[PDB]
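Enquirer: Residue-level listing of the chains:
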Amino acid sequence: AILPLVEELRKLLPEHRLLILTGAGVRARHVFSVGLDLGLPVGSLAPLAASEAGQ
Amino acid sequence: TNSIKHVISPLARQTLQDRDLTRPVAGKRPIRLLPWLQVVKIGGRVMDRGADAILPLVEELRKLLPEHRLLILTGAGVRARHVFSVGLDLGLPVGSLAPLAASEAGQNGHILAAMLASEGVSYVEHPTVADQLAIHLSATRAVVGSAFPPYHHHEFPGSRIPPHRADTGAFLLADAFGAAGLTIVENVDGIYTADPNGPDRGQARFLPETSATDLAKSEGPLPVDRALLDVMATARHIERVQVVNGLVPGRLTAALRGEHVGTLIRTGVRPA
Amino acid sequence: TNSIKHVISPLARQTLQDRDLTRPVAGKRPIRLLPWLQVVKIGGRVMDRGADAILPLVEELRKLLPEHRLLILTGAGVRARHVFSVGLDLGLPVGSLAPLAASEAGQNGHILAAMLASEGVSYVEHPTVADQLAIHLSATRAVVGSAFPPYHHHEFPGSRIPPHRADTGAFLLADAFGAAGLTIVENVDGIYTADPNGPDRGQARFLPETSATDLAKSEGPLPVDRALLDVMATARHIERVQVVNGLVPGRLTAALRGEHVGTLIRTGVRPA
Amino acid sequence: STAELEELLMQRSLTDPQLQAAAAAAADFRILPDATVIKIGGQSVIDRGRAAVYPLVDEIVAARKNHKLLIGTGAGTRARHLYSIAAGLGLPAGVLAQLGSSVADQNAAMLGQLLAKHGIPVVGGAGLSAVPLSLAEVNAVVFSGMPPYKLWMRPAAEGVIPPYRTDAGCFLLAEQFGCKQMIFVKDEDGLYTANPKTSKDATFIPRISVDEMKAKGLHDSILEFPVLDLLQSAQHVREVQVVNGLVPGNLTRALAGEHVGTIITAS
Amino acid sequence: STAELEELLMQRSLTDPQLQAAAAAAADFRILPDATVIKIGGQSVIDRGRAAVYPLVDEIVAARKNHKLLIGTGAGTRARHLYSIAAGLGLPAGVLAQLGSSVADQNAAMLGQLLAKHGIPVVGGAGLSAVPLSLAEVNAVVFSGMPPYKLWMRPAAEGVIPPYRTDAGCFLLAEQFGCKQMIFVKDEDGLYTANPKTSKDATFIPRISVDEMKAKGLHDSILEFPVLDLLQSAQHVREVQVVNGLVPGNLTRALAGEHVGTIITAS
Ligand SMILES: Nc1ncnc2c1ncn2[C@@H]1O[C@H](COP(=O)(O)OP(=O)(O)OP(=O)(O)O)[C@@H](O)[C@H]1O
Ligand SMILES: Nc1ncnc2c1ncn2[C@@H]1O[C@H](COP(=O)(O)OP(=O)(O)OP(=O)(O)O)[C@@H](O)[C@H]1O
Ligand SMILES: Nc1ncnc2c1ncn2[C@@H]1O[C@H](COP(=O)(O)OP(=O)(O)OP(=O)(O)O)[C@@H](O)[C@H]1O
Ligand SMILES: Nc1ncnc2c1ncn2[C@@H]1O[C@H](COP(=O)(O)OP(=O)(O)OP(=O)(O)O)[C@@H](O)[C@H]1O
Ligand SMILES: Nc1ncnc2c1ncn2[C@@H]1O[C@H](COP(=O)(O)OP(=O)(O)OP(=O)(O)O)[C@@H](O)[C@H]1O
Ligand code: MOO
Ligand code: MOO
Ligand SMILES: [Mg+2]
Ligand SMILES: [Mg+2]
Ligand SMILES: [Mg+2]
Ligand SMILES: [Mg+2]
Numbered sequence: 057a058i059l060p061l062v063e064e065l066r067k068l069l070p071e072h073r074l075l076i077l078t079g080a081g082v083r084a085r086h087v088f089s090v091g092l093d094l095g096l097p098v099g100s101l102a103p104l105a106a107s108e109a110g111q
Numbered sequence: 005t006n007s008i009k010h011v012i013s014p015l016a017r018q019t020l021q022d023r024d025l026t027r028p029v030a031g032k033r034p035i036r037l038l039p040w041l042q043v044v045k046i047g048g049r050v051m052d053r054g055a056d057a058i059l060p061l062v063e064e065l066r067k068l069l070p071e072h073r074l075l076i077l078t079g080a081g082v083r084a085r086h087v088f089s090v091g092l093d094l095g096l097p098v099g100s101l102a103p104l105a106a107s108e109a110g111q112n113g114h115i116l117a118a119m120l121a122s123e124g125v126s127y128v129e130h131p132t133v134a135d136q137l138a139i140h141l142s143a144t145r146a147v148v149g150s151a152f153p154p155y156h157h158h159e160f161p162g163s164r165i166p167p168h169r170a171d172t173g174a175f176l177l178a179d180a181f182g183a184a185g186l187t188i189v190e191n192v193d194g195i196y197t198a199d200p201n202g203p204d205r206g207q208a209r210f211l212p213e214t215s216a217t218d219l220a221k222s223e224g225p226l227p228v229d230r231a232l233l234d235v236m237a238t239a240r241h242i243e244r245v246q247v248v249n250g251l252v253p254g255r256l257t258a259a260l261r262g263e264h265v266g267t268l269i270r271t272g273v274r275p276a
Numbered sequence: 005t006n007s008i009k010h011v012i013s014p015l016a017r018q019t020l021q022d023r024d025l026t027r028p029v030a031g032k033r034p035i036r037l038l039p040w041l042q043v044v045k046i047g048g049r050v051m052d053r054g055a056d057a058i059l060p061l062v063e064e065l066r067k068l069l070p071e072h073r074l075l076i077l078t079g080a081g082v083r084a085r086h087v088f089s090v091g092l093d094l095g096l097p098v099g100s101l102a103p104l105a106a107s108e109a110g111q112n113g114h115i116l117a118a119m120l121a122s123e124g125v126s127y128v129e130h131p132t133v134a135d136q137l138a139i140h141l142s143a144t145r146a147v148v149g150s151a152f153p154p155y156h157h158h159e160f161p162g163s164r165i166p167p168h169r170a171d172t173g174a175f176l177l178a179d180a181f182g183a184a185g186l187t188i189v190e191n192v193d194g195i196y197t198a199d200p201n202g203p204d205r206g207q208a209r210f211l212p213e214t215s216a217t218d219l220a221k222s223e224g225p226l227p228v229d230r231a232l233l234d235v236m237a238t239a240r241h242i243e244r245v246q247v248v249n250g251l252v253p254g255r256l257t258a259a260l261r262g263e264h265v266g267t268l269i270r271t272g273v274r275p276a
Numbered sequence: 004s005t006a007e008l009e010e011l012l013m014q015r016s017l018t019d020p021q022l023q024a025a026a027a028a029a030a031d032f033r034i035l036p037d038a039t040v041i042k043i044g045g046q047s048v049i050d051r052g053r054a055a056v057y058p059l060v061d062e063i064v065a066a067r068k069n070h071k072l073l074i075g076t077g078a079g080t081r082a083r084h085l086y087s088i089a090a091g092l093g094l095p096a097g098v099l100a101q102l103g104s105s106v107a108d109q110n111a112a113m114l115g116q117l118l119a120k121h122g123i124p125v126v127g128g129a130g131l132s133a134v135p136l137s138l139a140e141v142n143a144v145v146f147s148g149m150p151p152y153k154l155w156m157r158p159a160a161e162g163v164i165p166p167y168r169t170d171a172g173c174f175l176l177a178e179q180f181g182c183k184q185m186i187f188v189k190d191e192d193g194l195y196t197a198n199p200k201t202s203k204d205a206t207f208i209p210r211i212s213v214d215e216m217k218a219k220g221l222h223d224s225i226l227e228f229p230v231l232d233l234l235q236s237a238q239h240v241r242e243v244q245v246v247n248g249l250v251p252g253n254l255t256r257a258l259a260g261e262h263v264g265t266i267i268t269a270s
Numbered sequence: 004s005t006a007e008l009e010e011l012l013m014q015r016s017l018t019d020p021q022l023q024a025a026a027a028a029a030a031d032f033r034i035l036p037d038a039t040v041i042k043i044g045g046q047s048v049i050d051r052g053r054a055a056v057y058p059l060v061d062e063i064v065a066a067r068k069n070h071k072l073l074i075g076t077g078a079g080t081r082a083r084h085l086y087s088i089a090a091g092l093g094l095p096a097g098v099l100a101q102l103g104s105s106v107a108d109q110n111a112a113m114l115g116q117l118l119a120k121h122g123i124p125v126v127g128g129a130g131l132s133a134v135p136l137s138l139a140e141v142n143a144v145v146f147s148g149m150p151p152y153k154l155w156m157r158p159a160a161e162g163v164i165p166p167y168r169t170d171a172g173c174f175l176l177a178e179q180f181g182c183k184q185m186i187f188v189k190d191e192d193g194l195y196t197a198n199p200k201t202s203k204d205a206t207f208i209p210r211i212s213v214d215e216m217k218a219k220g221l222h223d224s225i226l227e228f229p230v231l232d233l234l235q236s237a238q239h240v241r242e243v244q245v246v247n248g249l250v251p252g253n254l255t256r257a258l259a260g261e262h263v264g265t266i267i268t269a270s
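Residue numbers (the entry's author numbering), protein chains in the order written: chain G, 57 to 111; chain A, 5 to 276; chain E, 5 to 276; chain B, 4 to 270; chain D, 4 to 270.
These aren't lab readings, by the way, just hints derived from the structure by calculation. Backbone N, C-alpha and C fix where the C-beta goes; we use that ideal spot for every residue, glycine too. Some hints could be false.
[Unchecked claim] A few chain A residues facing chain B, derived, Cβ under 8 Å:
no., residue
1, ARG23
2, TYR155
3, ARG164
4, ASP199
5, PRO203
6, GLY206
7, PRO225
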C-alpha cells in the first residue's frame, strides 16, 4: 500500500505544497490494551500512540 | 529504378489515412507531459475594463502563485473586434485576421506580466511555451502567454471569423500537456441559455453544469468558441472545464481548488 | 460614409498631443515594475583595460550576487571610437554608427558573462531584458546586458555622434523598471570640473555631489552622456545616481549599499 | 450595412449567428489570384531521389515563365519514423507535428538548393513573398507544406497521428491567398478505389466530389480526409487536381488547366 | 550502384571506409557555378576608410553587370583588440569567434549602407539568397565573412586564437556552392616570402601550390594556413587568387580570370 502511495506523492510534490501527517494504526491499539490492563489513564496513553504515528 | 527509399519503421509505406494500419502504433492514449500544470485563460473583455478589474485579479494571482504552477493565457477582447471590422471592410479572409487578433491577446498578456513582474512573472511567446515551458516554470511559478493558437494564415475556412480563438488554444495546450485543469475567466458568472447582456437577457437562465455536446448541438451565442466544443469532443485528458467570473474575488482561487463556483463543462473523456 | 471606426476609450478621437486631454488619463505618476532591482553600468574604458581591471571586478561581483539582484549593463569603449572614425571617414550618419557601437557593448557583456558563468550569470539579449527580465532573475541572481539603447537607425540627429549611449540606456531602463538604484562604474574617482586625463588636468576639482542641472547648463566634457542629464530631468523614480571608480576595490560594493564613495548626481525627482 | 456589422462586433460575441451572417455578407479579396499552388510529395517523389526530382525541377524552371508557383514540400518517411517513435512513447499529436514540420523543411531546403541557380528561393513567408512572385525572372517560391499548428494541432478522434499535415498546409495556403488552382504531385495517376500499391484491382477515378468520396467509404485515400471537409467549406478554391509527377508533362499540362489526373470538387 | 550505398548507410557507421568510398563515387552538383566569391579584408582595406572603400564600391557596382558577386567582409583590428582582451582573461577560442563574427557583421553593415543605393543587400542567408543573384540589376550580395562555428570552433594546437576566421568562411562558402572563382582582396600585391610591412627584403610570389607553400616554412602568411589544408581537400574550387584592392582595376581584371596578383593552387 505504501509504494503506490509513495509514487503518487512523488508525482504530487511539483503540484502542491504538502503537509503529510501520519496516523498510528494498530500498534496504538496494542499499547492501549496494555495500558488498560495496567489501568493507566487516557493521558498516559495519548503520547504512546502519538509515537507510533511519528514512526 | 526510381523506387522509394524507405526508412524501416512500423509506419513505413503508409499514408497515415488508413486507421486500421496506424491504430497498432498510434491508436493508444497518450501521456501527460506537465500533469502538474494549471491553465487559466483570462478573457479580453476582462482586461478591457482596466484597473477596476485587473488590480483585484492581479492580487488574487499574486496569492495563487505559491499554491500552483500557473500558465496564464490571455484573450483579445474588443480591439480584435475592431480589426475584424476593418479587415472585413477591406474584404480580407479569416486567415488574414487571425494573427491580427492574436496580437491583441499578446498585448494584454504583456500588460498583465508587467503588473506581475515584481513576483517573477513574465510573458513567453508561442514557441517558448511549446518547446520549453517546464524550465520557465522551474525557475518561477507562473508565466503569461497568449491564448490564440498560431493558425494565423492557415486558419480554417467556412467563416469570415476565426473559429479558433483563445479558449480553443488554451484547451488544446492543456489537453496536450495533460494539464491538471483548465479554468476560464469571463465577465459573467458563467454560461446561460442566452446572452444576459443582450436583448433576451430576461429569459437567460444560468447553467451550473453541462456537457460540450448539449451546447454544440444547441444554437445561440456563447462566451466561448464552438470549436472549443468540437475539440472537447476529441479530448484525451481534460474531463471538465470551469467558467467563472473574475470580477468577483475568490472564485478563481476556488476554481483552481476544484470548487464549483461557476459553470462546469464535461468533455467527452471517460474517467476510470 | 468614410467616417472613422473608433474603439471606445478615454483617449479616442485624440491625437495625444493635447496635454489637457491626456492628463486626466496619463498625467499620473507611474509605478515600479522591478523596485527590487539594482542596475550597474560598467564602462567600456574599464573593460578595455582587460584582466587587470576585470578580474578584481569579477570577484567583487561574485561577492555581490547573494546580496542583490543585479542587472549589469556594459558599455562600448574604444572599439566604438574606431568604428566612429571609420564611419565618419565614410560620411555615415549617426543612425548608422549607433548599432555598430551597441555591438561592442554587447561583446564586452558577453565577455563578462563568460567570466561569471560559473556563478549562474549570462547575457540577455535586450528583447529578453524588456520582457522576460523578472523570470531570468528569479532563476539566477544577476544578468548581463548591453547598455546602449536600441535607437540604432532611429538615433536623434543634430550630432554626428549617437547622443544616446550606454549611460542613457541604463538610466532609461532603471527609471522604467522603477529600480532601486543605478550605479555607474568608470575609470575615475567620479566627476570633475574637467578631464583629469587631459590638458586641464591641473584645474580639475572633484565634485562629490551635484545635480543634473548644474552639469547640463555647464559646458565641457563628462564621463557620462549629456542626454543622460536631459532624461534625468524627466525621471520619475530614480532620485540619485552614483559614479564610482571600479579600479578601486570595495567602492562598487559600498555604492550598492548607498555609501558616498564617488560622485552623486541628484535628478529632478522630488522625494516624499 | 456595415454599421450593423460594427455594432454587433462591438457588442455581441463572435458566436452570435446574426454576426456570422453579417460577416459572411462581407467582401472577398484575393491576394494572389494569379498564383498556383502545388504540393510535391515527399514519400512519393522526393524520397525517390534524382530520377523523380530533376525532371520536376526542369518542369518547374519551364513553367514559372508562364505561371506563378508556390511549391510546398511534403515530409516523407523520416516523418513516419518519427511518428512511430513518438507514438511508441505515447507523446500527443502536437509533438508529432513539431517533428514533421522539420522533415518538410529539410526537403524544402534540398529543393531550394537545387533551384537556387534558377532564382527560385525558399521562403518561410510564402503568402507575403511579393517580390519573387512578381518577377518573371523568378515567379516561384519553395515553402514547406507542414502548417504552423505545431503544438496546438487539433487531434484526431482516435490516435495521435496529426490529421492536418502537408496536404492541408498547402491547400489552406491556397484558399487563404485566393489562388486559382491547387495541385498535388504524387506517385500515382490519381485517386483510385484503393491503394494500388497493395490492391491490383483498384479502379481509377478521373473526377469526383467530396460527398461521393465519403460515400465510397474509402479505407485509404491519396489525400488527408480532413482536407475534404476543408474543401467543402472553402470560398475561393473549390477543386483540386492530383497528378503523377513521374510522368513528364503532366504537371505542365495541369497548370494549363487540363484534366490530366484526378479532379476533386467540393460540390 | 546506389543500392550498396543505401544498405551501407543504413547498416554501417559513417566511419566505414567502404561507405566513404561509395559516397565519393556519388554525383557532384554546383549550386552557384556562375558565382564569384571575394573577401574584402578588414584590417587591410575597410580599416583604411574612404580612400580604399569608395573605389572598391565603384569597381563592384561596375563588375556586378558581368559577374555574380558574393562579397564577404573581414573583421579587422577591433577583433584583434577583442582577442587580446579575451586571451588576457584566458577565455577559449569559441568565445573569441563569437566576438569576431560581430566585427565582420559591422563591417558588412557599413558596406551595405554604402551599396544599398545600388541595389546590393546584406544577407545572412548568402548561398540561398537566390533572388538578388538571379537578377542582373543586383547580381551581388554582402555576406559578412566570419563562419558559424561560434562556440564549436576547432581550437588550434597551441593557443586560443581561432584558426578558421573570415578567410576560411569565404573559401568554404565558395567550395560549398561550387563557385567558379575565389578572390582575396587585400593591401598587398600578393603573397611574398615574408611580411613586407616588416621585412622589405621579402620577395614576391606570383604563383605557388600548397605543398610548396608549406615547404617554404612561412612564419607569417597572407592567408590562414588552415585554408590551405582545406584547399588541398576541396573538390570544386582548386585555386584562389590574392590581389591588391588599393590598385584600381586589379579586382576587375581578376574577375575576368586575369592573373594580376598571386595564385595559390591545391596541386
Ligand atoms: N462508518 C464507517 N465507515 C467506514 N469505515 C468504518 C466505519 N466504521 C468503522 N470503520 C472502519 O474503521 C477503520 C479505520 O479505523 P481508524 O480510523 O482507527 O484507523 P485509521 O484512521 O486508518 O488509523 P488512525 O486512526 O491511526 O489514523 C476502517 O478500516 C474501517 O473499516
Ligand atoms: N450564452 C451565454 N452565456 C453567457 N454569456 C454570453 C452568452 N452568450 C454571449 N455571452 C456574452 O459573451 C461575452 C464574451 O464574449 P467573448 O467570449 O468574445 O469575450 P472573451 O472571451 O471575454 O474575450 P476573448 O474572446 O478575447 O477571450 C460575455 O461578456 C457575455 O455577455
Ligand atoms: N569632467 C570629467 N570628469 C571626469 N572624467 C572625465 C571628464 N571629462 C572627461 N572625462 C574622461 O572621460 C572618460 C570616459 O569616457 P566615456 O564615458 O566615453 O567612457 P566610458 O563611459 O567608460 O565608456 P562607455 O562610454 O562605452 O560607457 C574617462 O576616462 C575620463 O577620463
Ligand atoms: N485510394 C487511393 N488512390 C490513390 N492512391 C492511394 C490511395 N490510397 C492510398 N494511396 C497511396 O497513398 C500514397 C500517397 O500518400 P503519401 O502521404 O504516402 O505520399 P505523399 O502524401 O505524397 O507524401 P507526404 O505524405 O510525405 O506528403 C500513394 O503512394 C498511393 O499509393
Ligand atoms: N607572406 C606574406 N605575404 C604577403 N603579405 C603578408 C605575408 N605575411 C604577412 N602579410 C601581411 O598580412 C596582412 C593581411 O593579413 P590580415 O589578416 O592582417 O588582413 P586581412 O586578412 O585582409 O584582414 P582580416 O584578417 O581582418 O580579414 C597584409 O597587410 C600583409 O602585409
Ligand atoms: O508525410 Mo506527411 O506528414 O502526411 O505530409
Ligand atoms: O582579422 Mo580576422 O578576419 O578575424 O583573421
Ligand atoms: Mg501524405
Ligand atoms: Mg469568451
Ligand atoms: Mg498621430
Ligand atoms: Mg562614461
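Enquirer: Failing hints, ascending?
Expert: Going through the list in order, the structure violates hints 5 and 6 and respects the others.
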